[PDB]
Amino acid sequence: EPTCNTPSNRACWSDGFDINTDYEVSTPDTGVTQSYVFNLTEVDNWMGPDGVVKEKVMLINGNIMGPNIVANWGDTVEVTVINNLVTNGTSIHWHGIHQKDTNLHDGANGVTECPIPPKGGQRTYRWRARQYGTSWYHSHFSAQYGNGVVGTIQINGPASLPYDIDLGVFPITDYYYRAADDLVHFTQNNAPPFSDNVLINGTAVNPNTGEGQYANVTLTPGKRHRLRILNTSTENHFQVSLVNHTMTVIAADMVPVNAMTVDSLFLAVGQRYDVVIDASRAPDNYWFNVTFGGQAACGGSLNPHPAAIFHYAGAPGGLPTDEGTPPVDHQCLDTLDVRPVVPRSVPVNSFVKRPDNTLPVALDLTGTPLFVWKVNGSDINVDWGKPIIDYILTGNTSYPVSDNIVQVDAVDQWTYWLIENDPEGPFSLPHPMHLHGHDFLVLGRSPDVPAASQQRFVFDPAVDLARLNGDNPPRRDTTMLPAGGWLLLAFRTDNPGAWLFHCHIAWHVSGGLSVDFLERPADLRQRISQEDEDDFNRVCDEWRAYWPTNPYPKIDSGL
């Protein structure tokens, strides 16, 4: 807990810890543990926030979202996940949390663990809060998170700008009436549907019936407010703005950034932004608009105007009067203008394109189903009953092709990755690429052009090497792979483990769009504790015993 974090000095936290401290290598010892219990239940004919009854949902503790985890920088968070679903297994992934030397607690089923069996199966996740900011959690059992197994994480720590009130979490998500397994099945042979609605902090109004409620945020006149915006969607990529107000970015994902004032912000699936809103305008109700750019290349909604109300305290009630001007089209791309407070520097002149640093993404339509996404010639398909960690604990190096293992043996060195977005394919779509266990550096991408143009770019050293940035580029866990283009990333090999690198669009990862970075295998085995190993084997023995009794088959990648 803090000793010097005041509304005038958010930069200070405690003795020897501040905004300037390198959080990746230095963590405060608090000795405090914040514990929670996640009871997953399967509810049929559930009444949703917009009035429409959902066929089936999978909730945590009976609510639309799980409890918002709150702890301080340096604490340990512990969660006992109890699976009371009927047929489905589960695994909770702590998106944003690096799991430094705790790979076995990542929640990546078929990689770091076997799924927790239903009908009462349990497992206790435990991890250290070595990072401060806004993150989230979700299931990784195929597209199970689309049914409601989602929630937020707020690890308190210092900030890059002073503020008065911390308004907390603001998760924006797409909402479908059809269940996730039905949607994965539809997307296997058809183009993805637009969302039925878009929920903002758990609620939205039905554009047809008028039922529901708009999310209502009360701003205090003349005060600076911190808002933690999240995109917890399965496909929808958002654009956000507040009429007559600007937003000052103080963090991108779980990485603190220097103040950057904007009119609107693009949020890819899995992306987060901590912003400061100054209630500097006239007392009235203002609309917080959720819009779409990229000409529907990265999503859409059947609700033409998803919005929230930002009410000034003292002002009258009702709905806002000003509709405002439409925001600029972000073209399905996140901003590369954000510069981290704690800097990093890497050489970019030395990069050479080789098969071992290149990851070509492609859409294979030559099989059954039609929509099969491949990375380097293979669609990922993990084995829930024999995860990558089982191979490590037995000394087996015969990993099947389908696991998409990319073994990185480099010890604490910066590794380079060029991701290619099907430049020779019939068409290309933008993809929100996410990396487990690390924060990557966004070194550069193909020139920003309209997301629906179909303009293709292949990495040319003669012009693209000068377009790269190695002098403190954006550091985060999720960024956009441009349509028909390319993306150059770099991460330091400081965390031995099996880490997934995938597109966060549920339908795509289901279709196989992922690779598994097996980082320093030899170091990983030696760093696995007897408690972690014993428990992993307990859960795998229980899952392998349950599987033959399951009346349903695995229809996708399992991720």
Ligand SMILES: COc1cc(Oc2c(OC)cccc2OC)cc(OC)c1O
Contents of the next structure:
2 protein chains.
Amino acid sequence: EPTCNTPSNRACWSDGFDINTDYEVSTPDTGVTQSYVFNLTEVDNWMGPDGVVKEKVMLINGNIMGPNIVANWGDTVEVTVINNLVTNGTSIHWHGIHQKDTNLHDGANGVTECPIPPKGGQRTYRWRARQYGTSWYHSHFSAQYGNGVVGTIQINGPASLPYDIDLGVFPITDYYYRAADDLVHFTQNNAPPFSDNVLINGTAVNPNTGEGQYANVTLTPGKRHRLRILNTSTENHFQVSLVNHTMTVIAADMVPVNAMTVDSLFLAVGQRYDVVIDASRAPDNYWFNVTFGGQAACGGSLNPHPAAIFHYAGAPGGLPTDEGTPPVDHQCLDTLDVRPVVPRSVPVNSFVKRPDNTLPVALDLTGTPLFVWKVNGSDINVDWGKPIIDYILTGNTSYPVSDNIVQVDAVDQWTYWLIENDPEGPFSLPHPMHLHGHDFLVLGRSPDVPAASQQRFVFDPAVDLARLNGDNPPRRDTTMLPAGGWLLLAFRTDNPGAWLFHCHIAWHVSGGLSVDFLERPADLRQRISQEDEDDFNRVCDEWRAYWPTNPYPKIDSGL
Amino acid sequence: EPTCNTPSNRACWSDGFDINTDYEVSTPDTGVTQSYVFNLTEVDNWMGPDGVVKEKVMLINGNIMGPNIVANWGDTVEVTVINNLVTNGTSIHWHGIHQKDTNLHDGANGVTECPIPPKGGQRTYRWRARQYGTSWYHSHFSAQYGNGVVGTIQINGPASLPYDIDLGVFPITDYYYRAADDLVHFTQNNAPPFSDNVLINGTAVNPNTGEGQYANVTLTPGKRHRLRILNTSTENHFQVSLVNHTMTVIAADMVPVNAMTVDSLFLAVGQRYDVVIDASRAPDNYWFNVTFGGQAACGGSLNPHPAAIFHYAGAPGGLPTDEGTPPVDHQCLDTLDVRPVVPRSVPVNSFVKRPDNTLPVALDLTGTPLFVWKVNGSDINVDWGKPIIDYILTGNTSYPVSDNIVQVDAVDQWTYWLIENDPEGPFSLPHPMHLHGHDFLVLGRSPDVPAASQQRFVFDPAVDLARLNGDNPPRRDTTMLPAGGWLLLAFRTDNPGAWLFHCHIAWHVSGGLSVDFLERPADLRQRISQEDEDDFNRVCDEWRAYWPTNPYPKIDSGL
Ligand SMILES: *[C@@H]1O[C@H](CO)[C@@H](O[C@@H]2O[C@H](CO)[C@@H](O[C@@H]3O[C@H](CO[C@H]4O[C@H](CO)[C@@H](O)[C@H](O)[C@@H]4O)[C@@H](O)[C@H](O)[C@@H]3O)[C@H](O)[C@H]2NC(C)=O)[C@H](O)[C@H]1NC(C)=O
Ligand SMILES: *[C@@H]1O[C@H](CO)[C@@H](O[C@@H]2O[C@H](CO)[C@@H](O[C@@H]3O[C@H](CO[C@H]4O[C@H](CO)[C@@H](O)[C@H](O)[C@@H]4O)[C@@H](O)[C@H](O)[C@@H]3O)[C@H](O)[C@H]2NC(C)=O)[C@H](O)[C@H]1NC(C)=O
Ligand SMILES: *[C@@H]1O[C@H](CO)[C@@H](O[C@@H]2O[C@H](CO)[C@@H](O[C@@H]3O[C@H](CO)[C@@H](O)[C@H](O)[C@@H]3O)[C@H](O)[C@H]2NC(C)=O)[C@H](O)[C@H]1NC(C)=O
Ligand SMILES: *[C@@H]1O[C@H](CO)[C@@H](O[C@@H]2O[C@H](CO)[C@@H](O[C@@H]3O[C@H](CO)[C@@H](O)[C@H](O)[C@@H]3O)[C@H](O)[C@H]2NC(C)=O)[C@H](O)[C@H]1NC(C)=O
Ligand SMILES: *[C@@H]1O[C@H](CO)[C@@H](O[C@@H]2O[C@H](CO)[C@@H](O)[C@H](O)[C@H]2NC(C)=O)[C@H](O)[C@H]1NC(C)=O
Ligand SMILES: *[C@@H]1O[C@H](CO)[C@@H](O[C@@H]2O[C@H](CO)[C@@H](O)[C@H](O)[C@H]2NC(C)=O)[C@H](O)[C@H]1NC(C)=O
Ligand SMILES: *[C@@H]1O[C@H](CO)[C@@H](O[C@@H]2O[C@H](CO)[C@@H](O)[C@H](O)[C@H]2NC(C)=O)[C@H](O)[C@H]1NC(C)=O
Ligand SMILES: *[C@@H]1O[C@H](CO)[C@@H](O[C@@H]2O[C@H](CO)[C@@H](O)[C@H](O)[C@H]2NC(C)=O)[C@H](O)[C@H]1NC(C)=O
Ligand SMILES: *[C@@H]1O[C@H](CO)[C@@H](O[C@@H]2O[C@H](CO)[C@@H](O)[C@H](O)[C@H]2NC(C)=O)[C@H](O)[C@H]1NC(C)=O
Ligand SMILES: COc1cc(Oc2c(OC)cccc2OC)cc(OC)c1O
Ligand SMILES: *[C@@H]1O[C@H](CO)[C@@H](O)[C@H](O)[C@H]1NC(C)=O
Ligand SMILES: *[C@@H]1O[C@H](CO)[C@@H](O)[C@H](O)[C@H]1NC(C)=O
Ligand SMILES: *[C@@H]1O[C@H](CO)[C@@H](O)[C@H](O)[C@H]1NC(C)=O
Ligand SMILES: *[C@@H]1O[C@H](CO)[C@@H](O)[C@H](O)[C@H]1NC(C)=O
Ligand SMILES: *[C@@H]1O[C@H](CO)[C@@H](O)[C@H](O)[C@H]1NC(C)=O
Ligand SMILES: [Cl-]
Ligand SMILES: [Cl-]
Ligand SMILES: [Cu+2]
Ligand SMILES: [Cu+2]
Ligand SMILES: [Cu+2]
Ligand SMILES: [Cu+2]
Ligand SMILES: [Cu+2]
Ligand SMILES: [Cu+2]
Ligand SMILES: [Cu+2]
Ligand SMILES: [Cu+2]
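Switching from the form solved without the ligand: structure of the form deposited with the ligand bound?
In what comes next, the whole complex appears, and the chain from above leads the way.
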């Protein structure tokens, strides 16, 4: 609970807690639990928000998105998930929530848990809100979240700028009429489709029929509004802009940053930005536009102009009349100009590329199916019925090759990872890389070039060491791996657990694009509570009893 | 020679010859020959127009482009080509010149001739200018034209609008620092690169160093100017526009059309447009912008804003100050709104899709090299030392499978061709299809959609017959096959000969994307003069003697 967070002083929170507190090591002790129940159901012939009926969706509590989780910094969040799907298992991952010493609540099926079985299986997740800001949750059972198993998280806390009104969450997502499993199958042998539409806060107009509605955000004239923008897509990467208005970024993913004013923002799959918008213009209706850059390298939609309306209270109704100017093309790249409020510094002039710190991403066309993604020579394929944690609990170190284990034994040390984007392959695509259990530092990437140009870069220390930044670089949970290039990341090994690190494009992680960082496995075993172990075993027993009865095969990585 | 062609009456030409004359069957007898000599040399470490030195170019008469060929309607054009290259053969194709009953002058090596050998080989081409308008010529010896063996053709004649000043030719081309053979090799196993620059009428500024010059066109205030725009690229497809001005199309390729005013034009590789521009704006300097659409599906450049300067005579010098607005995205499609002055009419209701009128294009990834393009199951591969004409002249009908012969015996009849763009492949690209020996009618294509959307269409008579147009449809020599879709063309068998029909993206035809229409072969043999036969055999004898001594292999289709 806050005691001194006001519109003119958003920096403050409570005694000993403010915007400069190192939230990674210090958390308010509130004693409060916010609980939720997620009832997952399978709905056929569901009428979506743009008027088109979908074959099948999988919904939490009967809505397009699950409950908007809301709590205060230091609260505990507890969610009982009840799987009433017909065939699919499920596992809810809390994206952006680092699960400090709570790895078994990460929701990574095949890694930290077996899936919750259908026809009534249940599991209760319980995690501490040790970071404030805007995050989201979604199923990690193959590409199930593309069917509807997705929602938002708002953990309240201090901010790096004053503002008057918190508009709350604003999820933006691609929308397909085909079901997720259909699309996984299709993308195994075909380039992925454009989205049929892009929903903004749950709604959109159909570009063909005009059915549906624009999201409509009412701004209070003269007021400063915090808007929490998310990209909850399966594939599309968005540029966003508001006609005649700037946006001032105050957080990236769940990391507060120094205020940064911009005309447009790029959001990768899984990324979030908290912005402050001043309703300082003439009262009127203004378009909030979703647009695509990078010449389709990171998505497109069959709706040519997905948009929301921002309406000044007391202005006339109807639609905006100013179409605006197109934003700069972001070329499928997130900005590296954001600077966290609470700083980190690491050396970069000692980095040496080696097999054991390099992660070569490659598209392998030689097998079946056609599109298989490999990291360091292997496409990930996890065992839903024998998760990595089962090996840990049984003291078995014979991890299958397909689990793509990268064991990291270093204790609370900075570790450096060079990710290489198929620089020798026939073609390369941008990939939104996402790390569980940690924020990483973005130390640098290959030079910014047009995303579709097929220019390639291999890390060359004689030119590239000088291009790295270890002095409070961007810190977050998702960032772009440039088409044909490389990305250098660091994270500190402060959190024993098995942590996925994967491209967040659904089709690609389905197709194998992940590794699993096994961080300090010796320490992990000691820190698993009897309750967590017992419940892990309970759910695994039920899943293993269920699986033989499933009418459908597993067709992908499981992730 | 014209006798009544004036600025106020461009429709007139001479007695019995005007804009309405069927130029496909009636030609002025002028008795004039315009002759040229093309001396091809190989130049290492050549300074190009943007300040960058290229490893190797292949030039006609020591210049970036060969002679502008200029003649009148009904003149004869004669060109002696002398091949002073070190290793390569050569063969000059006159793109847009239909070569009516002069098939052996078409310059298609492996089809209508053997290549002219290096170290001083020579051959004289002679053709009747039976069409007026703007065309171009280029080597057809693999992708050699990408090294510099390229130039323009202007055959004067009447026009569909009055105008004051003929500004002449304005070729626009992609420009690569890498030589053509290196790019063929690269594109056999890799997606093609963006161009390093785009030259406009021979020049460009370097996007990195600022070296070079903008093309500078001086407009006479209040005057109507004809500008002859061409795309002489190896791969890039261009959108063009002039800030604050419209352009009125008066011809498409070599076909005069009813005046059509537009804000921007899409030019496929090998396409031409004659436009009339009125200098009716405020006297100033205006940008002529080259832009890319279709989400990089039909090319891009590492120069983000290639442009030329249009200067009003009497205005200040220096650079334009208005950046203007981006044109409509043409989505890699030429317009089907053009309507030829001299009409043609064919039935479309009666078309039935059959194997013998369908040309399925496919990318085959299963062989060596990776990218091989096949039409109706076969990647074309010509024999430079045994051209199709050699088979004709020796009465040999055992054409190799790889010559992709489509024999068309119909005498002077309309023939209908459905080209299908790999609708069941994993990934499809737009292709600029070009026919030798004829203009074709563009009867229809699959629905216009975003080029990178990967939406696929298979011809369906129940919906598509109604979407065809046989009432004076666009008529020209090059048009776009839509990504993932289909294109229906028609041509009349009025010209016996062996005629290539191929994608004009150099990398694609090199990789096999062509067929060879063998039109009325019996009539063809009857029509070959003893002079044409003796000279064909002469060059073949020389080429065949040369080839065993060549130090390099043939690594592609030969075309
Ligand atoms: C999780 O639950 C999902 C929802 O029930 C399961 O997805 C189903 O999985 C099966 C088996 O993989 C699919 O069946 C195959 O579908 C293809 C394509 O059929 C569809 O599309 C074509 C072409 O447009 C159309 O003609 C059909 O009407 C379908 O709409 C067929 O060709 C195959 O023969 C086969 O039937 C289902 O399509 C798929 N359903 C959906 C809605 O995604 C999934 O398997 C479950 N996962 C697990 C691990 O239990
Ligand atoms: C027509 O004349 C052309 C001009 O001489 C001939 O083109 C040459 O063809 C040869 C044989 O294929 C090429 O040699 C190959 O080059 C590749 C790639 O080398 C590249 O990379 C190195 C550095 O890594 C660089 O030094 C080069 O410049 C290239 O960029 C090699 O991997 C092969 O082993 C082989 O050497 C020539 O590169 C190519 N030259 C040019 C300028 O294009 C062509 O073969 C002639 N055609 C015929 C049929 O006679
Ligand atoms: C922001 O989003 C808005 C709303 O989607 C966009 O407005 C739309 O702009 C397009 C393109 O200019 C308009 O379509 C055009 O309609 C006219 C008919 O008047 C027609 O000439 C064209 O063929 C074209 O289809 C569309 O009317 C308009 N939508 C609405 C509801 O006003 C706007 O372009 C977006 N701005 C940016 C910078 O992305
Ligand atoms: C038509 O072609 C011209 C000439 O290439 C284009 O003008 C160029 O426009 C770009 C984009 O606005 C300018 O680049 C920008 O410059 C500013 C200021 O230096 C810089 O802050 C940006 O980072 C960016 O580099 C460029 O100055 C300008 N070129 C010149 C010589 O004036 C124009 O955009 C084209 N128009 C269309 C519709 O394509
Ligand atoms: C996003 O859409 C939701 C719809 O759920 C909006 O939340 C509703 O807002 C209206 C008006 O303020 C209230 O009557 C409802 O009680 C709200 N519903 C819920 C479930 O919270 C929300 O305002 C939208 N966000 C923005 C920024 O416009
Ligand atoms: C967006 O929402 C607002 C409600 O906040 C609507 O604004 C009202 O519009 C009506 C007329 O349409 C006016 O009578 C009211 O006075 C407006 N209220 C406020 C608070 O300003 C607006 O119409 C909505 N826009 C759309 C497209 O539905
Ligand atoms: C990627 O795979 C290679 C194997 O090809 C790994 O390289 C080995 O790493 C181990 C452990 O550090 C060393 O003991 C060996 O010397 C390496 N073998 C070779 C052939 O170099 C590499 O560690 C893997 N990288 C990651 C990050 O997982
Ligand atoms: C484009 O060409 C025109 C015509 O040569 C140049 O126009 C001259 O500009 C100078 C000033 O630089 C004047 O003194 C002349 O009187 C102009 N001539 C005419 C006929 O208008 C122009 O400078 C060139 N532009 C560029 C960018 O070099
Ligand atoms: C494409 O290839 C197919 C297969 O070789 C050709 O189809 C044959 O055409 C002949 C002549 O009409 C028929 O007698 C055969 O029945 C066809 N065979 C099959 C398997 O259908 C077809 O003609 C080729 N098309 C073109 C345009 O060259
Ligand atoms: C791996 O699957 C894909 C294939 C694509 O198609 C190709 C392409 O198009 C951009 C260019 C070159 C090769 C491609 O693969 C067949 C494009 C994709 O991007 C959305 C893509 O994800
Ligand atoms: C889940 O929701 C369905 C549909 O509303 C309902 O019938 C069922 O009882 C719910 N089950 C649980 C455990 O909440
Ligand atoms: C250890 O795990 C491997 C791989 O799953 C398995 O085959 C083996 O039997 C396990 N051993 C024990 C003792 O559990
Ligand atoms: C061709 O040009 C070269 C270089 O200019 C010259 O030396 C040579 O003599 C010319 N050959 C002929 C036959 O024109
Ligand atoms: C093109 O360049 C040529 C030669 O450099 C020049 O004579 C001609 O005027 C230019 N054409 C135009 C339209 O500017
Ligand atoms: C046709 O040409 C091939 C290749 O040169 C030859 O082997 C064959 O004998 C020729 N047949 C006839 C009928 O001349
Ligand atoms: Cl996470
Ligand atoms: Cl031609
Ligand atoms: Cu996620
Ligand atoms: Cu996550
Ligand atoms: Cu990816
Ligand atoms: Cu994940
Ligand atoms: Cu050509
Ligand atoms: Cu041609
Ligand atoms: Cu092509
Ligand atoms: Cu050709």
